[PDB]
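Here's a solo chain for you in structure tokens, the form deposited without the named molecule.
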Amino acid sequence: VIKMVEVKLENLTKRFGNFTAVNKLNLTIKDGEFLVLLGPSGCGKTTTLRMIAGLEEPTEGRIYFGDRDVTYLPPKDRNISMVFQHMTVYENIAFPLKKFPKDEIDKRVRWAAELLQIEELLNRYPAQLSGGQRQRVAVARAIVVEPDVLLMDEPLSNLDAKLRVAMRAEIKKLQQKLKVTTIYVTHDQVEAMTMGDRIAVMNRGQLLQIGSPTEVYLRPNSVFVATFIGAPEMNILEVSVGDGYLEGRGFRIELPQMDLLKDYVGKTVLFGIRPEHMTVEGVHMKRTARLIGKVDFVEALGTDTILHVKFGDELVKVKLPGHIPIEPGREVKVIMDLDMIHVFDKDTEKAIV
């Protein structure tokens, strides 16, 4: 049976010569949670996964599994399984069983196969695997050893959009049934939001923020996090703070008695509001702000309609549900939800909100 193992990464650093790939990462991964490491290529998420697996050693720091320091233990002694990217399904799943009794091997294979709902493909071959998914087989093999920590590196990168969603759900439900601590690496924000109990956003080797999908989405602690999750991206506009309002290149926004910007009156800050947190007049929000503008372009995608509206000298995107192919040149009253607004220091790019 599977255990719930807490994982601690302490002052973990990894520098390949001159390049610091991971800079003093501090993370406490809760026993049984599904943690997604989200970030662009080269942000350090993969290097971190590899250090957790033991395929790579840290330059500094420690890695604990429970109370055991596993920093310098071979990957085999850490009780982990990694998923990434002529035997029968039964043999494929059996392979990883490493001095094992034939009767123990059969019990586990059956258990894993049932968990992945592939019991009926056990005597079938890969190339023949049509009645199921070779994807599901790979997962059963990863969990067949009953790892204390499950590690996955962009396991779904090469799958059709429709099958990818089905796999996200499949993997997530399986992990919630097993409660095996899982560290999942992806650069895909939608996948991250779909699978992680928590998400750890990384950029240039640093942990920018960790929290639940709701926390990182509704309350990004910085511009980078605010714009890495949710597409179309959050509108970021440079503005100046006044008596009790914001003003940018060709517009002003009446700020209610928010105004946690006192230490910014007279200074420039970055204003942010998501496309989906705005709407157009004639199409509820407790507190709002209006700004008339002309539609510069329309993405009428049927399922959603994205308007590129010129705010004064600026250009922002407004996301409307459904098909509303309004034409370019027309003027619209853009309505902003004041309760969904963000404000970031222009220098540090950290949220002031």
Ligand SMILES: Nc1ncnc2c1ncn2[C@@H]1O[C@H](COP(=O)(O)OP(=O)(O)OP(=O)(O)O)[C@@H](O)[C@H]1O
The other form holds:
Number of protein chains: 2
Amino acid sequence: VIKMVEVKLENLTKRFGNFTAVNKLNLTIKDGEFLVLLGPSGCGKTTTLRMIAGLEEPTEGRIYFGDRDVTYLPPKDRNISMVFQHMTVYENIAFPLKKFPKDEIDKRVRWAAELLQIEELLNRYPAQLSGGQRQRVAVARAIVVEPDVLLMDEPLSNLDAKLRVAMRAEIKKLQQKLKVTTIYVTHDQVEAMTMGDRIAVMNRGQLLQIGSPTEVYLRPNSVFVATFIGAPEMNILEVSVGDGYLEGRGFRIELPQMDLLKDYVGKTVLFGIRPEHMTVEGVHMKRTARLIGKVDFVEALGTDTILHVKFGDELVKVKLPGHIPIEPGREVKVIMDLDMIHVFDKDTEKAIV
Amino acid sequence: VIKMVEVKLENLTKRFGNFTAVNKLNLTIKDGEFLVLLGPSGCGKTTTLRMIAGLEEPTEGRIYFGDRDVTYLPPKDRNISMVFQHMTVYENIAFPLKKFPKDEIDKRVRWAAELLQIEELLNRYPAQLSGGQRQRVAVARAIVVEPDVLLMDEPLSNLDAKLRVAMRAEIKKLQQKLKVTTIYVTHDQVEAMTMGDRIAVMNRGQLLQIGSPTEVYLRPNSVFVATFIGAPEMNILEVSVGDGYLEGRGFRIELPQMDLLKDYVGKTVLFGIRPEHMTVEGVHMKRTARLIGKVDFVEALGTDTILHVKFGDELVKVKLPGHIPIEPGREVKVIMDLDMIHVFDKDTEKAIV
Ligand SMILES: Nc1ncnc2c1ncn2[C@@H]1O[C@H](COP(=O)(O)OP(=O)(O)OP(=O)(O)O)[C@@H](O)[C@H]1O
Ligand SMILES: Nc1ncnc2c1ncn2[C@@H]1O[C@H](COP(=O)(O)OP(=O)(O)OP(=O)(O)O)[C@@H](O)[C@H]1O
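Could I have the structure of this protein in the form solved in complex with the named molecule, to go alongside the form deposited without the named molecule above?
And the full complex, kicking off with our chain again.
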């Protein structure tokens, strides 16, 4: 019966020669939670997963599973199970069971198979699996060992959108049930928001932020994070903090007394507002800000209508629900939800919000 | 100066041995329009593009460019330019100019470069192109020839989301300007809805439907099309046409006097309603239909909240704008926009709407 093991990553560093793949990573994965390591290629997420698995040792640092320092133990002694990417399903799931009693194997395979709802496909073969999913079999074999830490690396990279989504839900629910500490690696910001109880955004080997999808989405602490989750991406416009307003390359926004930019008056900061936190008059937000402009391009995707409006010299994207194929050239009155606005220091790109 | 050439595909068939890649395709691409051939892998879209280019001959059929039968002419005599996937930009774009006068080349390169807004990168090299996009150079070289028919095959397959979108707009506007007949191939339904003036949905070598993004989206003539454009996919539930209502595996929907199913009373048809055409009480549609159910899973993507609600034995997806992380288990009252409902015959999967 699966346990809820807390995992600690202390001052973890990994560098191949001169290149630092992971720089002083300090992270505490809460026992039984589903943590996701989101980030672009080369950010260090995969190298961090491998070190946790034991397939790769740290250049410096320590790794804990519960109170045990597992930093220097073989991947086999860490009670873990990796999940990436001629026999029968039963055999496929029993495989990982490695000096194991048959009487025990049958109980585990029945257990796993039932959790992945594939008990009925047990006596079938791979290419024959037309009554289920070879995917679900892969997971069952993953949990059949009853690991303390479940590790996954872009497990749904090659799946048709529709199916993939189904697996996101399949996996998340299973984990919510087993309550097994899971660390999930992926570059897909949508998939991260769907599965992680908390998400750890990475870049250039560093941990930029960690928290619930709600926190990293509504309150990102920097430009990178603010733009890596949520698409269309958040609009970032360069501006100058005047009195109680902001001036852009051809526009201004009245800043209600907010104005936590008192230390940036006369200086330049980064304005931020998501396409979904804007709209157009003639289509309720407590406080708002207006700016008129002409539509430069429209993305009538049927289920959404993304507009490319020209704010002075700048160009931003506005997201409207449904199919609203307005035509380019026409002028619209953009309405900004002042409560969803963000402001980042231009140098440290750190939020000031 | 580019011309507006109408392209006709008459009873086009292409079969490698016993396999039919394209079955009796009849299509009329309107001069100067941007037509998109959307469809999954193996549908025949690419083989149709190649036959148009002349790189591949038909097994039967005829192809017209204007009043000229170009079916059996070398790709070079068809005045076309393909676009798929050490020199200087100027050189790169001049390359296609193949017995050409320099005095003429300079005018064309200047022309193209200006249209792709890359005149300032002309004396630069590929890997050095840090001030623009090697992508824009590719297109400029494509139009530099001044083709009658512009052909493109998944040109943006390997581009980071953000960039890709920029190219969709870049390309579409350029074409809207040049008014050159363009046939665009892609499996991306979103990209299709963004660029095609009309879209031709294909599958198993057949043309299922053609029309504006608005038409194929709001009024698809079959299950396939109705589910291939718009994601999350349209919900399809099997039902029986009673009096003025529909009965599902655990639910019913009052059908206002609609009811064009008079010939399906007592029979079974396919109910259809998109996730974006539904909602939840407590969050205006002229006519509606209700059904209560419990949330099975939630996709809080920040910019959208996709719910997986259990309608009786069936499970459907509802799309709500914004971040509304409701919790699983809770029961919601789903509201269906009766005006966005579709009904397809269960056998021919052809719409009855
Ligand atoms: N053996 C190695 N030698 C040199 N550099 C390496 C080695 N392994 C990984 N790297 C570097 O690590 C980074 C990849 O990080 P990982 O943490 O591997 O990235 P992802 O997981 O972000 O990317 P990927 O999907 O390619 O693994 C790259 O910047 C790459 O150059
Ligand atoms: N030379 C060939 N010999 C046998 N089959 C072929 C050949 N060329 C294409 N096909 C078949 O054509 C179909 C691919 O259609 P195309 O019209 O090529 O598809 P897509 O454009 O839908 O897919 P792809 O991206 O692979 O080209 C497949 O069903 C494939 O088996």
